[PDB]
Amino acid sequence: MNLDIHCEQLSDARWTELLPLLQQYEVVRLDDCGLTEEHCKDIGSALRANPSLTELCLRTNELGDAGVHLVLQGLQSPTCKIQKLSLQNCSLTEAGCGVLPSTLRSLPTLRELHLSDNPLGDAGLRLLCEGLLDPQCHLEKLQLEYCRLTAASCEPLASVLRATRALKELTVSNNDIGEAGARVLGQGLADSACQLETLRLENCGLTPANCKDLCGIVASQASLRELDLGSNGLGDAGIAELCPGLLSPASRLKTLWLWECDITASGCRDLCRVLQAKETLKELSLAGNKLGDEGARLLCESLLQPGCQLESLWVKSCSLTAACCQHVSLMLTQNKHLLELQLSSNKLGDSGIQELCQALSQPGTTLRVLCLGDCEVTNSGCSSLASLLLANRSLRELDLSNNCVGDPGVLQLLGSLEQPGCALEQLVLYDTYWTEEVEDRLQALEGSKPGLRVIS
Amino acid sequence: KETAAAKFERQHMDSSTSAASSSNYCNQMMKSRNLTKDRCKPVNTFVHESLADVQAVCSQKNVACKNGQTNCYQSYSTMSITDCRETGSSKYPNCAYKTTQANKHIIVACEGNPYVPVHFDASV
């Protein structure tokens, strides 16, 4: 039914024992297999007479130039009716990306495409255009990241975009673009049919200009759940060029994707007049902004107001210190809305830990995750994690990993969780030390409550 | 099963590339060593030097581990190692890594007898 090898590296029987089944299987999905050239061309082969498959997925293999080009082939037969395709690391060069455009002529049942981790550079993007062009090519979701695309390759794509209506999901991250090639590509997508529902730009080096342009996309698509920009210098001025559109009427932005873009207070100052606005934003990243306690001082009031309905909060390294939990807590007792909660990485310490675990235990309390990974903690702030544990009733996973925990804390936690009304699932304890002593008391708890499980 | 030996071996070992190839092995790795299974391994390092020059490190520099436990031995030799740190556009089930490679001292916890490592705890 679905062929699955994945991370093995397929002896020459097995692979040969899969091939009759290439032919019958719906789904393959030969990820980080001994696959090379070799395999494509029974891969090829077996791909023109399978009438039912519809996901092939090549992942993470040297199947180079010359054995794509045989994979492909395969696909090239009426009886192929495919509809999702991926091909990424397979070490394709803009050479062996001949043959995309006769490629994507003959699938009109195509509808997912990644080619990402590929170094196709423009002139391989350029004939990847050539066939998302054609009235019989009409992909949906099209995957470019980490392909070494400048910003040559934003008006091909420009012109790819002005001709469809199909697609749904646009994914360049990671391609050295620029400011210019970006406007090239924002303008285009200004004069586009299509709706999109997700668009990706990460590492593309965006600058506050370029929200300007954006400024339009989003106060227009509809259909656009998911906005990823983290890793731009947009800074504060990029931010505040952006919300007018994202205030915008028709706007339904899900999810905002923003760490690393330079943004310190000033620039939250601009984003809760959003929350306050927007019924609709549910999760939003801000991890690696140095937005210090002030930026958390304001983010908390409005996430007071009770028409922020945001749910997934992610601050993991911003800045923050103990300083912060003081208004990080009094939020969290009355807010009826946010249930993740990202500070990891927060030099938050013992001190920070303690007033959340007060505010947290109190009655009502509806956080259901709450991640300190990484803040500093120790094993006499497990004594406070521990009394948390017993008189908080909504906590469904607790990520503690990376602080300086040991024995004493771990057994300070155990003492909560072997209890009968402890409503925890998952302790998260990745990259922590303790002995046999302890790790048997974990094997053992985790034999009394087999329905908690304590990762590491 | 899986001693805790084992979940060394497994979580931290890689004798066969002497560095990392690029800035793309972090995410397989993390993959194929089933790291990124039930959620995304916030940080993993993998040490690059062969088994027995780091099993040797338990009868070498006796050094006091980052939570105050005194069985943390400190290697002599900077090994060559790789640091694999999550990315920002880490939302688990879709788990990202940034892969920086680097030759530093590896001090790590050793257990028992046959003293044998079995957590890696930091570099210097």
Given for the second form:
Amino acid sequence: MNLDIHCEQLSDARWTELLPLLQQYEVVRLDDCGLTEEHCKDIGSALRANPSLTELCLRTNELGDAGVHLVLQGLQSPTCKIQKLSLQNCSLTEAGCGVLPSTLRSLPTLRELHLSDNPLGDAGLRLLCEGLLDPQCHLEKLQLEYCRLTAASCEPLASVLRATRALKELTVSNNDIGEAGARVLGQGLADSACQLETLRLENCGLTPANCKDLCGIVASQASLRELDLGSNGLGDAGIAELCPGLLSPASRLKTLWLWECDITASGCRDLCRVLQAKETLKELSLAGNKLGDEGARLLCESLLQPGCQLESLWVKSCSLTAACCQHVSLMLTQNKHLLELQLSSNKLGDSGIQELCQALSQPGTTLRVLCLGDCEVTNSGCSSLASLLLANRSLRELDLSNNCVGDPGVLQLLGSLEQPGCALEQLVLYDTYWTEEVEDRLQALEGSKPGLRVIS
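Next up, the form solved without its partner chain, please; the one we just looked at was the form solved in complex with its partner chain.
The next block holds one chain only.
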């Protein structure tokens, strides 16, 4: 009962074929079509006749304020129970934002709203907030990524924040709120009444100082579950401040995203104390940080402690060499909690990869998803891996994207996959190529064993 269209352009012939169905489906997704204001008139009229739409998503389209305005009108009908609405990337400018209050108030069924990639400006947010403040608005998830906001936006956001009680997710990534803004925003969080769960502050220009604040909020925000702070220059200094907040017996933080955060081994030490004590923290992305093999070691030091329960570790593009494979290997042999390890864009080479290959070859291994994209694996490396696939029983997804692999390497992988004992459910091979022959051998495999897909 979903519709979903993506990239296909709409001939005036098919638009017509569509309209009536737009009045039927529960889920309409018109992702990157050629939708302009000209279609909105029709959308408005078709959406009002739909007594069962729960979610509309008009991603990537140049509708404009007027287009948007119409869209919102057709939703303001007697038979609307819409819950999810995504007007992501529709050129909704501050001009078109004066509608929001009148719309938000009119839609008490709305749970999550997406306005990302829309230049709302502080002026446009100011109105979205005024809308969120009205008691008839029970908005739980709000996405305002890339919305040309600035520190000015943080005050109303904070004000919305202290007042509302329903908001669970707040995402303001890719807006330059700055140190000052983040300080305001976070301040509103501290004395808020809603039990926020997801807070994403990616590329907002945070600084170590903001860590002083987040430390506190994190410490007492029992409801928090996922905290994204990537692409911010917090450095080891910021991490240190953040850490005691993460050791609070009230912090149930599960997902911690600290990618490209200018962290290094010095910082990673601090992370490890947390990693050992918090049985709840289950996902840590440290990708893009120049951790180096010293850092990899430390991470492993921690991952060997049986009181450590991390399930996913991302250390993509972390300047790790084949020199750390011995530790990742050893840890991999004695750890029964890590299910997913992301080692892509690292210089492991065939020698580093064999070490992982021998470790995972033992029985009683638990790693379930292993990523090795861009690690400099060659056709010879594929040999190691191919054997692995016959011995190891824990793996389900293996990503070998963008390596130095041609026909022979792949062919070996296929040999392993054609076996009944082999239980890999997914071999990921993007940015890899092969002759017509290999492909024909491949299409065959995908017919002898349907419980396996070779992605590319």
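We call the rigid core the largest set of C-alpha positions that still match within 1.5 Å between the two forms. Residue numbers count along the first chain shown, from 1.
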Rigid core fitted, is the C-alpha displacement of residue 71 between the two forms 2 Å or more?
-> yes
Once everything's superposed on the core, is residue 399 shifted 2 Å or more at the Cα between the two forms?
-> no
